[PDB]
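Spelled out, the chains give:
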Amino acid sequence: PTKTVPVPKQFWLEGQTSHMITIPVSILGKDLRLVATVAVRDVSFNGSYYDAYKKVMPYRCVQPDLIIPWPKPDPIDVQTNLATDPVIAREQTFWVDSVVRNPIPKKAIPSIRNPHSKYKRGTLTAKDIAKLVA
Amino acid sequence: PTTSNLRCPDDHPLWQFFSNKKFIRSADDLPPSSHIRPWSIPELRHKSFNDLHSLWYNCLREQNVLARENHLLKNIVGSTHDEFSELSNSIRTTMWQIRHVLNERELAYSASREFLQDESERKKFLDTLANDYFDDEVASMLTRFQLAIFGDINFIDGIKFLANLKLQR
Amino acid sequence: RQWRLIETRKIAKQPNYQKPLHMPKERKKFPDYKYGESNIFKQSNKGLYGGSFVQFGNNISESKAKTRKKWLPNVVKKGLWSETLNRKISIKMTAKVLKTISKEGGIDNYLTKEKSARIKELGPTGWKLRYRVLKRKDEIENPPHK
Amino acid sequence: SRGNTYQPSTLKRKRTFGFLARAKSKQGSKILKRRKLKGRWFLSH
Amino acid sequence: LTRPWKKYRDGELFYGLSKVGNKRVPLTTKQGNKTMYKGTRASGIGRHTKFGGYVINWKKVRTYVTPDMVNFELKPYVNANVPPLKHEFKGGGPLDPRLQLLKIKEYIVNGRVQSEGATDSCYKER
Amino acid sequence: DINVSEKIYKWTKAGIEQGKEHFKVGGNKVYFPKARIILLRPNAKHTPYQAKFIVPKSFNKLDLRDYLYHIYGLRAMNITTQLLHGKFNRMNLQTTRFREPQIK
Amino acid sequence: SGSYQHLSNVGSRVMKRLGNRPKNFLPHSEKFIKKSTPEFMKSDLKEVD
RNA sequence: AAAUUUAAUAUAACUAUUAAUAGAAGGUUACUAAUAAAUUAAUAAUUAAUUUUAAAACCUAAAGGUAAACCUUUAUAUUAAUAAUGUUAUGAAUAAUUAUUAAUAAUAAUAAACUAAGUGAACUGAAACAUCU
RNA sequence: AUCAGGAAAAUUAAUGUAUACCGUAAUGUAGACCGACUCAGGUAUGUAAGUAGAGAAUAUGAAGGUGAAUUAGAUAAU
Ligand SMILES: [Mg+2]
Ligand SMILES: [Mg+2]
Ligand SMILES: [Mg+2]
Ligand SMILES: [Mg+2]
Ligand SMILES: [Mg+2]
Ligand SMILES: [Mg+2]
Ligand SMILES: [Mg+2]
Numbered sequence: 100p101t102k103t104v105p106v107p108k109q110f111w112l113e114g115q116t117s118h119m120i121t122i123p124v125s126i127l128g129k130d131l132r133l134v135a148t149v150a151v152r153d154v155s156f157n158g159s160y161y162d163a165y166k167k168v169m170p171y172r173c174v177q178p179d180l181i182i183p184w185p186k187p188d189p190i191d192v193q194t195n196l197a198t199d200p201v202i203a204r205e206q207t208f209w210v211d212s213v214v215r216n217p218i219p220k221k222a223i224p225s226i227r228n229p230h231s232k233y234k235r236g237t238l239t240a241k242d243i244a245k246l247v248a
Numbered sequence: 055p056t057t058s059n060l061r062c063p064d065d066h067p068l069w070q071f072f073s074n075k076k077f078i079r080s081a082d083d084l085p086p087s088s089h090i091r092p093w094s095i096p097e098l099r100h101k102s103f104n105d106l107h108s109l110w111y112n113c114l115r116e117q118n119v120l121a122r123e124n125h126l127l128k129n130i131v132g133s134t135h136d137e138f139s140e141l142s143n144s145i146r147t148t149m150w151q152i153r154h155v156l157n158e159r160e161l162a163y164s165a166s167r168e169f170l171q172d173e174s175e176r177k178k179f180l181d182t183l184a185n186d187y188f195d196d197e198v199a200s201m202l203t204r205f206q207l208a209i210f211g222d223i224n225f226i227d228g229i230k231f232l233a234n235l236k237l238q239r
Numbered sequence: 022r023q024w025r026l027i028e029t030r031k032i033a034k035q036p037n038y039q044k045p046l047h048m049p050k051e052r053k054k055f056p057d058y059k060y061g062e063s064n065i066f067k068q069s070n071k072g073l074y075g076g077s078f079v080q081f082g083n084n085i086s087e088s089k090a091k092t093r094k095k096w097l098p099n100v101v102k103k104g105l106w107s108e109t110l111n112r113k114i115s116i117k118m119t120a121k122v123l124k125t126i127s128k129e130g131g132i133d134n135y136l137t138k139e140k141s142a143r144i145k146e147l148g149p150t151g152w153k154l155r156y157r158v159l160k161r162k163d164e165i166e167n168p169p170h171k
Numbered sequence: 061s062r063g064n065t066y067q068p069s070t071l072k073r074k075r076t077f078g079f080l081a082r083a084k085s086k087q088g089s090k091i092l093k094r095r096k097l098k099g100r101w102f103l104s105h
Numbered sequence: 017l018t019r020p021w022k023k024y025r026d027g028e029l030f031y032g033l034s035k036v037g038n039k040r041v042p043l044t045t046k047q048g049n050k051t052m053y054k055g056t057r058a059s060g061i062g063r064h065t066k067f068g069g070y071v072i073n074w075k076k077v078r079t080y081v082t083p084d085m086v087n088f089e090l091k092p093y094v095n096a097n098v099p100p101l102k103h104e105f106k107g110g111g112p113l114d115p116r117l118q119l120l121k122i123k124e125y126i127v128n129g130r131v132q133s134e135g136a137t138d140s141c142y143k144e145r
Numbered sequence: 055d056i057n058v059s060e061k062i063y064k065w066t067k068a069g070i071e072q073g074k075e076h077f078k079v080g081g082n083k084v085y086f087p088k089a090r091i092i093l094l095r096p097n098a099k100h101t102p103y104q105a106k107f108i109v110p111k112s113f114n115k116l117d118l119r120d121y122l123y124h125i126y127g128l129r130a131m132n133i134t135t136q137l138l139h140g141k142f143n144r145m146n147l148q149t150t151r152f153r154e155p156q157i158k
Numbered sequence: 002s003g004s005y006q007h008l009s010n011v012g013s014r015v016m017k018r019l020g021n022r023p024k025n026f027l028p029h030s031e032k033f034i035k036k037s038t039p040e041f042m043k044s045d046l047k048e049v050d
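Residue numbers (the deposited numbering), protein chains in the order written: chain A, 100 to 135, 148 to 163, 165 to 174, 177 to 248; chain B, 55 to 188, 195 to 211, 222 to 239; chain C, 22 to 39, 44 to 171; chain D, 61 to 105; chain E, 17 to 107, 110 to 138, 140 to 145; chain F, 55 to 158; chain G, 2 to 50.
In short, the hints are calculated from the structure, not lab data.
Yeah, the Cβ is synthetic: ideal placement off N, Cα and C, and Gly gets one too.
The reader is advised that the hints may include incorrect statements.
[Said to hold, decoys possible] Cβ pair distances, simulated, as ranges:
1. B:67 - G:43: 46 to 54 Å
2. D:71 - E:67: 22 to 30 Å
3. C:33 - A:128: 55 to 63 Å
4. E:88 - G:21: 42 to 50 Å
5. B:67 - F:68: 20 to 28 Å
6. E:107 - D:84: 52 to 60 Å
Just need the whole structure built from these sequences, with the hints factored in.
Now the structure itself:
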């Protein structure tokens, strides 16, 4: 479905002579089916491998033997300053090591976790109990 | 007054609030969400404290640059595109993950300490370790590591243990 | 008689402890009174009233003209000797209570009488007094070393 | 000439009708509770 | 006129859209007497003086501690080509002491050996 | 000896010479600050030697100075705070009044 | 715009009220929205929460 | 062989009855106040059940105040013990800062109806009214 | 003079100081407050050019401010 609607010069593409342009309207998945000259209809979704899509992708079953694969995820060349490179991201710079010196300074604890937290409660000692009961 | 009278420094620390020397990051010059992914908690889990700190600071810096830009977009042009906002949100998520991991590590350490304090189990653990370790150079290395880990009362105890080990071998 | 305004009082059942959001700073010196403190004729909590309270009834004329009136017990402030405490204890005292005390032979005796009725018709102050006396007695009987 | 009976002064108004004033006294507490039960959005100045 | 596009007398206000409104609303710094001081969680820093001044106490003044060894290679985002990692913890919780002990033992045996040095990994860790 | 202002100035100078802090670092360390600052464009009244930021409502002047030095290696010599009024805004007119942010 | 709304979250309750409009009066708001958008921006499909 | 209608069902109404089961956060504005597992069953991802676990700003009579969402205390606390450090007076003594270990307190937001108890009107009815109601 | 006139928180010496938070627009004898209205009402304090004069009376007005959500004509009776 592609409706023809008059669009401003702001949103013009390099070529559009008239203000009139044809553009695609969205469609509900319920109103369109899978092809493979075929029409799938019902899909099962039971098994589930991981593509390395880099995610655990389920199997599309039509009749559970016939599997239709997911399409090929488009390649993507990362060349941004704000994205760290893979190897660096993945590297290991912390092993548990000690049981005497903590991993983080005493002074940095307030930053990562709230003292004066009103949900602490704690206690419930024997001495305390003794103190309360008459 | 004229600006020719000035000599605006090129490496002035206030340029650090912009991407490169640029008023707005263009739609083309932003990192698209297809490429960018926020840091995972598990992945972070094995990262040093210093490195984590550095990462956090970097994130903050990035947010600042986004933040300014976002403000400009909102207040002046009055745009609703919110790419910058999304980016900021992503950064925030990462930051929170980092924070969580930091907390978690501390908690783990505390737990370990508690376990150690329970003297019945700790002794058993030590014994098991000894058994496991019982090459000579390799043993020495392992023993050295153990000593380091151990490292006034505690120190004394460690020393005693070392002595005992030596006696045994 | 009936102890309706005593044995009807109810206090928040304590949860026993094998912590609470707000624990008190001090230590409960005295044992909890079963029936608690009276929220009805609070004048009574200061002393020994014998479970007597203010009644409210009708003044009635020769024309049967009703008009609300109250009835007070005959309270008297009275310093009375306690052998166990070794001092005179002054308190508010319904004259009935005084009479009872006289009959029974001493304030300690009155306090330390076992029956549930007696317990009911002590106040919180009365209860405290009883605790003091019995504890003292125990101490007298039983030094730390036999 | 009547009509101008309300002579605003922020101090007086917060001190008399303010949330803190209400919450401090038993009667005030009652009022606040009443307003909560009605579901009023604004419990007092 | 106040505004020349409205010539005729309409139901328009000198400023704004309505004189009235909810007056029972949290008050800010700007409103109140001279004596009304609101404050904005900014200064529990020092101590006021007997005379009106303010003596700062630095044992309580927030400073921000940037790490001296800045790893600039760590960036706010990560490459999409890296899949998200999924730790496993069958030996109850990541903050389980037993697991930590095991890890320590492993470290002692080995000494700084990387588990996810291979960038090509769905789940791992024990 | 000499008076207080002079002393302060001297201290500042010394700090500058050193290439460290030109102000007494508070013995109160925060490691992971969530705060952010917006760099604003300069008004007609501001010089090129002045820059201004929108900062947290709960931000201290001292804190801002510290923050700039540590995160951005920027030496802020003098700092001036300006808290802005929140004006009442209302959308529908059937909807309640409320104030816009007090911004610092 | 010229607001500073983005820097704050104020009128939180009000926002919630206007954000979480009961679903049976969703037709109303949506109609208005439809009315106040150009032909190229608007779409015939109903939003999901 | 797909569509159309009819009747029933939602996370998405309230009201009355009957039957079953059980007895529970609001606000304010921002340096926004996030989660992490395990085990068992179903079939590596899975959903469910059973669990442990992180965070969680400020206010909502009683840390102590106030003009609710602020201020003031100062658990990035004090004391002790030690360790590196600079100064002074005579290897020993005194004070200052940082760092580890130990000791020492922390936060009344909590319903409503129902129940029991204390006090307890009057209008009204009596074709007036006071006994009575 | 008679009317008889507030309350409450010390010195020296040695050692010190990096100076927090908030108010700050404009309006304020008013179109920006209280009066249902851009309402001849109500609303606290200081300075209030000279000339003149007993004065903050009264006249003028240097400077500053203002000439307005009704105009234009006509001006019967009233
Ligand atoms: Mg009125
Ligand atoms: Mg009064
Ligand atoms: Mg008005
Ligand atoms: Mg004002
Ligand atoms: Mg005050
Ligand atoms: Mg009753
Ligand atoms: Mg007027």
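- Query: Should the hint that residue 107 (chain E) and residue 84 (chain D) are 52 to 60 Å apart at their CB atoms be regarded as holding?
  - Reply: 57 Å, holds
- For the range 46 to 54 Å, tell me whether the beta carbons of residue 67 (chain B) and residue 43 (chain G) fit it or not. Cβ of residue 67 (chain B) to Cβ of residue 43 (chain G): about 47 Å, so the range 46 to 54 Å holds.
- Note whether the CB distance of residue 88 (chain E) and residue 21 (chain G) lies within 42 to 50 Å or breaks it. Since the Cβ atoms of residue 88 (chain E) and residue 21 (chain G) sit about 44 Å apart, the hinted range of 42 to 50 Å holds.
- Would you say the C-beta atoms of residue 71 (chain D) and residue 67 (chain E) sit inside 22 to 30 Å of each other? 26 Å, holds
- Can you let me know if the beta-carbon spacing of residue 33 (chain C) and residue 128 (chain A) is within 55 to 63 Å? Since the Cβ atoms of residue 33 (chain C) and residue 128 (chain A) sit about 59 Å apart, the hinted range of 55 to 63 Å holds.
- Query: residue 67 (chain B) and residue 68 (chain F), beta-carbon distance inside 20 to 28 Å?
  - Reply: Check passed, 21 Å falls within 20 to 28 Å.
The earlier numbered hints are all upheld by this structure, with none contradicted.
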